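Student: Spelled out from the first residue to the last, the chains are:
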Amino acid sequence: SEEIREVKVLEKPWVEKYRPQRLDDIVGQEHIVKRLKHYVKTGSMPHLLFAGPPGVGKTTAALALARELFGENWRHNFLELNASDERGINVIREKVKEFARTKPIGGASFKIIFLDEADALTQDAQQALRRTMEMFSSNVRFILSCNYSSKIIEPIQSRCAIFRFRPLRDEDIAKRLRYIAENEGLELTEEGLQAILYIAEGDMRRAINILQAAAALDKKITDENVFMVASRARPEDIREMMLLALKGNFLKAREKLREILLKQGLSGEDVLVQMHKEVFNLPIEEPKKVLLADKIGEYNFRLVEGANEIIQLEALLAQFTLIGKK
Amino acid sequence: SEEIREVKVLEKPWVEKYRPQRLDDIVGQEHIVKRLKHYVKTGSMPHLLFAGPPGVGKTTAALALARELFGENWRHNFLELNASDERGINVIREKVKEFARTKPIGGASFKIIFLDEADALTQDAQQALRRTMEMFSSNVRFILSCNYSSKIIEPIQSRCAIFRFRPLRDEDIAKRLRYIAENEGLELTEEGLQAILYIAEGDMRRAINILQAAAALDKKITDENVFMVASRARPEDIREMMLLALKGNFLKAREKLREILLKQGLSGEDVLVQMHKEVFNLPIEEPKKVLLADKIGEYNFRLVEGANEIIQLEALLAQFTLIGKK
Amino acid sequence: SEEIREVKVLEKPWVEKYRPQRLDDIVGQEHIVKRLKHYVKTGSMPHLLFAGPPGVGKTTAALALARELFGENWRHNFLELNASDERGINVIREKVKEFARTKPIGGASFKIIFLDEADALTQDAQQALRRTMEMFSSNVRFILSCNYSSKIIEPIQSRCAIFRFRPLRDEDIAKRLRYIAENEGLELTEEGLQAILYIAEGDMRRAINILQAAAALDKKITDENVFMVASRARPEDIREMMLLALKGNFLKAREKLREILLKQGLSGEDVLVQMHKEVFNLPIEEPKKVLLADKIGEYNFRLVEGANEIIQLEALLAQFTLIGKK
Amino acid sequence: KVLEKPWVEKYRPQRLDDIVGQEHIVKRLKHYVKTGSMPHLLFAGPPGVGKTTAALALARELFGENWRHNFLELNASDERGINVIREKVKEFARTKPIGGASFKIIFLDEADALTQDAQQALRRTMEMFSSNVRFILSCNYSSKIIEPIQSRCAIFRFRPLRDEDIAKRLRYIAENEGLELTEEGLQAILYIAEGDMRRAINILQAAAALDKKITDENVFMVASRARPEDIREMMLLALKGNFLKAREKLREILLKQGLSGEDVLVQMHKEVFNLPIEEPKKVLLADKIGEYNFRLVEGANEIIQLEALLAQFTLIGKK
Amino acid sequence: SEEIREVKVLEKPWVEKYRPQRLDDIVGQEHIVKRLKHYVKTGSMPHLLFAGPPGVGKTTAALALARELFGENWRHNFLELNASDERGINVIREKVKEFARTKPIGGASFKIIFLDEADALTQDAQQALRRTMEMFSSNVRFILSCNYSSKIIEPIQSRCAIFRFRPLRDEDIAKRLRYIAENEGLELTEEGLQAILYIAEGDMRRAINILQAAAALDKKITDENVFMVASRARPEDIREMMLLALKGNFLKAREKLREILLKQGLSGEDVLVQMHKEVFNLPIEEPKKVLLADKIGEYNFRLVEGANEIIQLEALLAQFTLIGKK
Amino acid sequence: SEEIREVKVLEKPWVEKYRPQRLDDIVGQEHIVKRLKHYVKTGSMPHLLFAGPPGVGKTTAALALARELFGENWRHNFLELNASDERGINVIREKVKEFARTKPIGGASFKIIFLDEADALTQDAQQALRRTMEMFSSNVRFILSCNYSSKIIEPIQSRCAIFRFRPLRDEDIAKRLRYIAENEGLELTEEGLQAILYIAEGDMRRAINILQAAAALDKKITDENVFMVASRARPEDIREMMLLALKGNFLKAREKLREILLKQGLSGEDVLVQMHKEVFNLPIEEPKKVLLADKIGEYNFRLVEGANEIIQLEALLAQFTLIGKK
Ligand SMILES: Nc1ncnc2c1ncn2[C@@H]1O[C@H](COP(=O)(O)OP(=O)(O)O)[C@@H](O)[C@H]1O
Ligand SMILES: Nc1ncnc2c1ncn2[C@@H]1O[C@H](COP(=O)(O)OP(=O)(O)O)[C@@H](O)[C@H]1O
Ligand SMILES: Nc1ncnc2c1ncn2[C@@H]1O[C@H](COP(=O)(O)OP(=O)(O)O)[C@@H](O)[C@H]1O
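Protein chains in written order, with PDB author numbering: chain E, 2 to 327; chain F, 2 to 327; chain D, 2 to 327; chain C, 9 to 327; chain B, 2 to 327; chain A, 2 to 327.
None of these hints come from the bench; they were simulated from the model.
Among the clues, some could well be false.
Claimed, not checked - Straight-line distance between alpha carbons at most 35 angstroms, and here's what the computed DSBU-like set of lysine-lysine pairs gives:
hint, chain 1, residue 1, chain 2, residue 2
1, E, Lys35, D, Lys296
2, B, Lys221, C, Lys38
3, F, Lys257, F, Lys221
4, A, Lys104, A, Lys35
5, E, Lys18, F, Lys264
6, B, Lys248, C, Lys35
7, B, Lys152, B, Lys264
8, B, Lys98, C, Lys152
9, F, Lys327, A, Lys326
10, D, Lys290, E, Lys152
11, D, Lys296, D, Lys278
12, B, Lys289, A, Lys278
13, E, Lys13, E, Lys38
14, E, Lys42, E, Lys220
15, D, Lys290, A, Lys326
16, F, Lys9, F, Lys42
17, E, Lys220, E, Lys289
18, A, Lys18, B, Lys42
19, E, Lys38, D, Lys221
20, F, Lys35, E, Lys253
21, F, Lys296, D, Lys221
22, B, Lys289, B, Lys326
23, B, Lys248, B, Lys152
24, A, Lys326, A, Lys18
What the hints assert, rightly or not - Quick list of the computed label-pair ranges, beta carbon to beta carbon:
hint, chain 1, residue 1, chain 2, residue 2, range
25, D, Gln128, E, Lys35, 54 to 64 angstroms
26, B, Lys326, D, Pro288, 50 to 60 angstroms
27, B, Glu155, E, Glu256, 41 to 51 angstroms
28, D, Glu155, E, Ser139, 46 to 56 angstroms
29, E, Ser110, F, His77, 35 to 45 angstroms
We put the beta carbon where it would ideally sit given N, CA and C, even for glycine.
Only chain E is shown next, with the shape it has when bound in the complex:
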């Protein structure tokens, strides 16, 4: 009757389907929320600037806040625009003037325009936005999302309360993953759990995206699949490949590299990045880590210029055999 289990899990993004709906559902940002609640509890708040990584809270809170601030009106008093991609037409001109001119729904004191990826706007775009901002201050309240506050011109920055979102701890990312798992028919094995936490590195959205894609292959989330979904390899394999080289077993490490490459089908950059991570979890004297670190930097730049992936990766492993002889 219905579609296949595969399409059922791929249709709607788990990232959205399970985004917390209230400032009390959000996690790991405890201090950030306390500040936000104060707003909703007193119907008073200035323009906001949410700085930090993607998938750690920002837009979840930008929505939750509006929700607890307008109840059933959030959707009629909250304009979500994405500066960068610019979803649609001139999503920064005639669109706003409309929303901005009308009034809030309910006894609401103001509206909210959530400009996501604001730091993607040129200095000029930000100048215009500065005016377009102070223009309807009385009616609209801005919530600017960005990677780095230092990428937003000061005129705009001085009119905002700065919030700095940081990565989330594993436990928190884990609780959410365990929940989505149970409430989806998944058999989240612990190996698969750890495999997701490690890669995700504190980015909730990222962990979810890996969890979902994983489930599409099978309801039993195994680490082997966590790795097949992300262009990732087993952290254990990457280390062996390096140690083998360091120890002096260049040919063998070339062998290992060949396997990881064939099994995972990941890119040179993918391997390089994993290499840069595992190198620091190696029983190697400090001085060798210094040399290793420099080499990874240099080879990363060679890849950027277009150098041959396999040739460069093998030349890097040989460098390891060289740094290993000391």
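Fit chains F, D, C, B and A with the ligands to the given chain E structure using the hints.
Tutor: Structure of chains F, D, C, B and A with the ligands alone, referenced to chain E:
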């Protein structure tokens, strides 16, 4: 010579003549074929993301699926567009805009678009295709081909079923080469065969294009003609050249090189890639292989850095900055 | 009946709320102001050129000169373009053809175009400007802003009344700090005051913007809050990181970088910028200072060109460990 | 009209005095007409500077209205095989002249293109019908022609034309073909041709192929070279300390004109000395331009890189 | 009915018209002449290896030898071939087979095959020659010509009598020239002769070719014409360009270079060779000559790789300005 | 016919005229020659493995072995192949089996196949040789040549009698040179002999060539002719030149190079070869010797690629003084 033979033996691409038209006519991608058959046998499939090398199954598996799904109605329900060659993102979100606006043919529930070289798209481009993908999510199903899944933005990957195509085994490649050989009337010499395998190293397409090419020169497939069209020197020659130089006969290694570059007029990268390969077929101590591998990586970069004019030009402008303030 | 404390402070930029609105309200640069009062009480004034540090008197003085020569419409006879934020000497020349186009509002002898950072234009550009300055000379007067009168060409300078502003002392702007800090109800801690001073680097505007942003974070203007909003790290922390590297403590330097990166949430460019500034306050010989300073620029080039941030940033630390040894 | 015939082959000098800028050469050429005696001639230099103009202009004065036969014009870059160069000549310099002088002229355009052996064959052919015909070999560098042919030739080195010379000629074509030669466009055509008269005539035309009005824009547009002002700005930005914006402008240029690393590179080379900076800076830039031209060159010399690598094997070879 | 002198001067190359006919006429190769005379005087002669520069006596000697060995029969019994495959190694070993499979004319005991540029053959080729050499050793006698004996394989070298030709002293060259000047009614000025000798550096052929070229321009041989037809600028001029660049006048040096290039019409390599010849004749400190010699070597190699000449030449001049700042 | 002394000397290469005929003719391997004679005495031998450097006795002895075992029939029973020559050894494998097929001529018990450079065979290649070593062990006997026995697989080593040839010594080489001098009517002087020994440095083949070449100029072998025919300058001269450069006397070095070049007419490479050798005989610290040597190698590469000989020689001498004063 061959009067008209060199007109019929090469008028139609043997890759688009002997290309499997049935999922079960595909070799090497077993577990992938299994999954694909399950789609045609349910009428439901989500968006597809095909990751791996070229000429190894990705496009024949797209067509062999359109066939088993649209019967003779494939040429009108299955569209193929190259993400790179195509003018741009817009032209892309355009051609599909008119294709996915009219229902299928033959009662098929949906039509299919095949975006080849999808990772060739910029991030912004992948943002456009993303929206367009969701826009026509009911009428059309997308099959995105890419060299690495890690070069496709997460929003799109979290909506596709991931498939990883690996290189075909030499066995299967030969099985099909003999076939095409018989039905085409060719003296498939044991030599010329091994050549094509050694050069193709897993790439079905590449192996065929070469086979057909050598045939276009002479009905009898000689490893001589293989290397000729293959634009690759004889491994024996490459190894000799490198071995001579290693012995200490630079002057002689250099003549050998000149000859090669003279005969088949290969390229710097051609020779380099062949040298990278043969380093591991030489009778030398591992430590020497370590060095040679490092050196070949280095000259690969020298070649790359040389042909990357923008990187050079910008490094120049930066030199100006350190100068214009001295 | 009142907004929360956070909203009161932010509502208007303190840099304006404490801006000498009149010529006779400026303190510190007396000799200069008096000369400016000669043009207000005479009606006649030539093209001008202000020389001095940022936020030391340049803008506040020019703005005041538009209130005593236009009345309350200091906005309909006073343009404001930034030579460095503008394309070139065309988009700028065009803006002067649309401003001087229509005679000054009311009975106004002429309008005024405050070109900020004029000495940021190339000399071929400073020519076109000199050409444009005169052509409209009649209806519009200019107030070219620069950092050094010497960075302005001859054709220009000879036509301007050179006003030079002296860098306000460090404990000088401190006055206009403890003031506003007490006039706005703030427990401006001594540390924090010093922290603002270190980052302000002689610019009052930046110093005010930092207090306002810091005050919005809490009543007590602390150092932890001056950095968090400034998007910078404690100079001691930067230097300690660089020093820790030079000494060969690579591993420790890494963690310092991680901490800074994690907590303060800085950007690679942010870090690289602070590294380049704290490298000269190092208990190190000048020769190493220049080398290190160039390495920072080398790795930034890599970043500008697409290299991986954490990989390169750490590679840079290793260069430090390596350069320390030599 | 419109574009019936290339201004070049149309407004080409017919007399040795119609030629300008190669005075030392013309004076020597008019000594041949004056005595009716002349040896094999060797013309070396760039294209569009006077070589063929003189070849024709000379043959006209040595044969008069009757010179269309006493002048077999050939082009060395012919069908791979000089076996066609001995039969076509076997009968040309076998048929003595009449009406003209005591000999015939065979203008072999681009003679420095022949291979060693081909040139040695031309040395016997040259000597074969020496009494009948007289050769006029045209080349880029006389150093490409074998000495046995250089010693038998009177050598003339055609230099690039000066601006004043080229300019006026363009004018005497504009004011007779319905054209407006403004100042922005003139200084433009000149700047790009760098003394090449054929080029400055193909640029004047192509730029007028949009309208008689020759604008500095129509000029750079038709041609490849980018706006000197742009290249110059980019460098000043860079020099001024604004690497980011310069990088930006560069992309522009490339994105616009669609040029190569070397074209842009030569253009930079040219404007460096045309910059408001002190001399010492020009020293450092000059050095830096050379360095990067070398990097680009080295990067593309696949033989040198490969042999450098084999030389390295030799090193690694010694255990 | 005569011809203009310019015409009578260019009818036949003087290197030929005046090439010595007898061994006794040959100059500056005393000892060699004697060895060869002993062959004609005894009818006994082995294979020969003539090593040395071009235009100093090798060919003349080979010919003069034939003339004395075969009288008028020298053209019949003496065959010259350019090893530099004036058609291809074999299609040259073929021409020697036809020529060798026949009896000598006039009743002489053997014929001569004079190989020009033997040292231009690869080792494989030189190995084939050694065979052909041994094959007809009884009928033919080979005279192999090379720049350096060390470039000919030992097997061949052992079967030959080595003759090491040297450059000719100026006196020797002067005589010949003044002789030809006498016989051609030219005015060889002291200066013109000094120029010719300077430029020829001992190569008789070269000297005579310059004389001839210059005579074609005027019975009066002036150094102005010598330099002009020899495509070399005068020493004093090259020295000026260097001293100009060396004292700080880079812009001037460039100009001078421009003049030389345009005036005399040299090449990039021509200027470098001249600079190398003249740099040691400058009133400069030894440490500077050391840095300049190193630079000329570096730039020579850049030209060898095909770098742009003007760009490299100006860049080299800039190096003179830098080195110039003691 | 009665040719002059010279023609008689160059009649045939002395290396071949005096090639050791019998095992007692061989010089310098006394112990080995003893084992070899034992085989001829008993008419039987196992497979052999010759190890050591080139031109020191391996082939010579192998041939001398075949001559004594087979007498006049050696050429029929002794086959010599080169392992490294893959293509040829395969396009001749048929001939080999043929040699191994037919019985030994003259009634001898077996034929010998001499595999030169047997250590250029891979592990599998060596495994296969072993197969055919046993296969025909009854009719043919193998003599494998290599640089190191350690490069031949244990299996194959187990089946052979190992012989380790060592370098020859001046004394062995000098005795043979004396024998030839006597058997040719030469006046071998001490200076001449020591000169030869010095130039040949352990190479018997080269030593004989130098002697023959010198005998062709005179019957009295002087150290003057030896250096000349060998195209080498006085070793003291090369050393003095380099020492002069190193002390900082670049100009004197240059003068010396001039004198040398004036006295002989060597090539850039001739000089570099000698420099490369004499640098190791300078009273210099070893690390310097390695620098200088590397440097000569670098400049030889420019020369081989077409650089200007004299310009590079001078640039090289400069590099010496730059290195010295450091
Ligand atoms: N504290 C959190 N609690 C629960 N889910 C979270 C939290 N932070 C992020 N997420 C998840 O990550 C996704 C990314 O949105 P968000 O956190 O606002 O970051 P961004 O600014 O990159 O959009 C959300 O859809 C949500 O599922
Ligand atoms: N020693 C010499 N005596 C007389 N003429 C010489 C001598 N050396 C060179 N020449 C002249 O230089 C020309 C070059 O020929 P030659 O000396 O044989 O050198 P190559 O073998 O390089 O051609 C000859 O035509 C001859 O006129
Ligand atoms: N003892 C010797 N007596 C005479 N000549 C020798 C002797 N040893 C080597 N040679 C010379 O060296 C050449 C090289 O052969 P050989 O010594 O067998 O070494 P390889 O194994 O490298 O071939 C011989 O042809 C011969 O000219």
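Student: Does each hint hold? Answer for all of them.
Tutor: Here is how each hint holds up against the structure:
A distance of roughly 43 angstroms separates the Cα atoms of E/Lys35 and D/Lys296; the hinted pair therefore is violated under the 35 angstroms criterion. Restraint check for B/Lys221 and C/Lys38: satisfied, since their Cα atoms lie roughly 21 angstroms apart, inside the 35 angstroms limit. Of the pairs offered as hints, the one joining F/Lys257 and F/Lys221 holds, with about 28 angstroms between alpha carbons and a cut-off of 35 angstroms not exceeded. Pair hint A/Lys104 plus A/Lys35 holds up; C-alpha atoms about 28 angstroms apart against a cutoff of 35 angstroms.
Taking the CA atoms of E/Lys18 and F/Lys264, the gap is about 63 angstroms. The hint is violated against a cut of 35 angstroms. Under the criterion of a C-alpha separation no larger than 35 angstroms, the hint pairing B/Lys248 with C/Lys35 is inconsistent with the structure, at around 40 angstroms. As the CA atoms of B/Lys152 and B/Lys264 are separated by approximately 39 angstroms, the hinted pair breaks the 35 angstroms bound. Between B/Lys98 and C/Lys152 the CA atoms are separated by roughly 32 angstroms; this keeps the pair inside 35 angstroms, and the hint holds.
Distance check on the hinted pair: F/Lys327 and A/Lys326 sit about 29 angstroms apart at the alpha-carbon level, within 35 angstroms; holds. Among the hinted pairs, D/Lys290 with E/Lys152 is consistent with the structure: their alpha-carbon atoms are about 28 angstroms apart, no more than 35 angstroms. Using a Cα cut-off of 35 angstroms, the hinted pair D/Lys296 and D/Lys278 holds, with the two alpha carbons roughly 13 angstroms apart. Restraint check: the Cα-Cα separation between B/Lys289 and A/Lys278 comes to about 29 angstroms, which is no more than 35 angstroms; the hinted pair holds.
Taking the CA atoms of E/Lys13 and E/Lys38, the gap is near 30 angstroms; set against the 35 angstroms cutoff, the hint holds. Note on E/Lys42 and E/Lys220: the hinted pairing is violated, with a Cα-Cα distance of about 42 angstroms set against a maximum of 35 angstroms. Restraint check for D/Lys290 and A/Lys326: satisfied, since their Cα atoms lie roughly 27 angstroms apart, inside the 35 angstroms limit. Proximity of F/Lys9 to F/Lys42 is assessed by CA-CA distance (about 39 angstroms); at most 35 angstroms being required, the pair is judged violated.
Under the criterion of a C-alpha separation no larger than 35 angstroms, the hint pairing E/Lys220 with E/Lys289 is inconsistent with the structure, at around 43 angstroms. A hinted pair counts as satisfied when its Cα atoms are at most 35 angstroms apart, and A/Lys18 with B/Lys42 qualifies at roughly 29 angstroms. This hinted pair checks out: E/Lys38 and D/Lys221 have alpha carbons roughly 21 angstroms apart, not beyond 35 angstroms. For the proposed pair F/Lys35 and E/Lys253, the alpha carbon gap of about 34 angstroms is at most 35 angstroms, so the pair holds.
About 60 angstroms separates the Cα atoms of F/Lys296 and D/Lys221, which puts this hinted pair outside 35 angstroms; it is violated. Using a Cα cut-off of 35 angstroms, the hinted pair B/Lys289 and B/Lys326 holds, with the two alpha carbons roughly 10 angstroms apart. With a C-alpha separation of about 44 angstroms, the suggested pair B/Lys248 and B/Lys152 falls outside the 35 angstroms cut-off, and the hint is violated. Taken as a hint, the A/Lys326 and A/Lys18 pair is broken in the structure, with Cα atoms around 52 angstroms apart against an allowance of 35 angstroms.
The supplied range of 54 to 64 angstroms is met by D/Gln128 and E/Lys35, whose beta-carbon atoms lie about 58 angstroms from each other. For B/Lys326 paired with D/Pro288, a C-beta distance near 20 angstroms fails the hint of 50 to 60 angstroms. Roughly 46 angstroms separates the CB atoms of B/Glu155 and E/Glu256, a value that falls within the hinted 41 to 51 angstroms. At about 50 angstroms, the beta-carbon gap between D/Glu155 and E/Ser139 stays in the expected band of 46 to 56 angstroms.
Hint check: E/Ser110 to F/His77, Cβ distance near 57 angstroms, so the stated range 35 to 45 angstroms is violated.
Of the numbered hints listed earlier, those contradicted by the structure are 1, 5, 6, 7, 14, 16, 17, 21, 23, 24, 26, 29.
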